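With one protein chain held back, the other chains of the complex are shown just where they sit.
Each chain carries a letter (A, B, C, D and E) given by its place in the written order, and its residues are counted from 1.
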């Protein structure tokens, strides 16, 4: 379904944001 | 429901953005 | 309702991007 | 209604994204 | 539509995100 595909994109977005959040944390040494 | 699920992913999103807002406040 | 839930999480999202905007604004000024 | 409320939050999100971009450009 | 309107704001979001990556591309 298209609602399911919408959740899938939101999920991929969340993990990209997860990674960036981690970079900032790492970069904060 | 797939709307509930959509909401969950937005919740996770706000969680990461919050973490990011902080690490900026932390640098 | 579930659409309300979605709108509420987008409000929260908009908020964090506001905070992030301010921190960047800070770095500049 | 609710779909409207969603568009207006998106709008607000777009606006804040634009604010961040401006601040990036403004460092140099 | 309202759905149509949501897509336009999401399109606006994509655009601002693309501007952020451009400034970042300038730094990096």
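Note that a contact is a pair of C-beta atoms (placed from the backbone, for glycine too) under 8 Å apart; a residue touches a chain by one contact, two chains touch by 3 or more.
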* Positions on chain A where the hidden chain makes contact -> 2-3, 5-6, 9-10, 12-13, 16-17, 19-20, 23-24, 26-27
* To do: Considering the whole complex rather than only what is displayed, give the residues of chain E touching the chain that is not shown.
  => 1, 3-4, 6-7, 10-11, 13-14, 17-18, 20-21, 24-25, 27-28
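Operating definition for what follows: only the chains that are shown with their structure count from here on.
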* Structure fact -> Residues of chain D that touch at least two other chains are 3, 6, 10, 13, 17, 20, 24
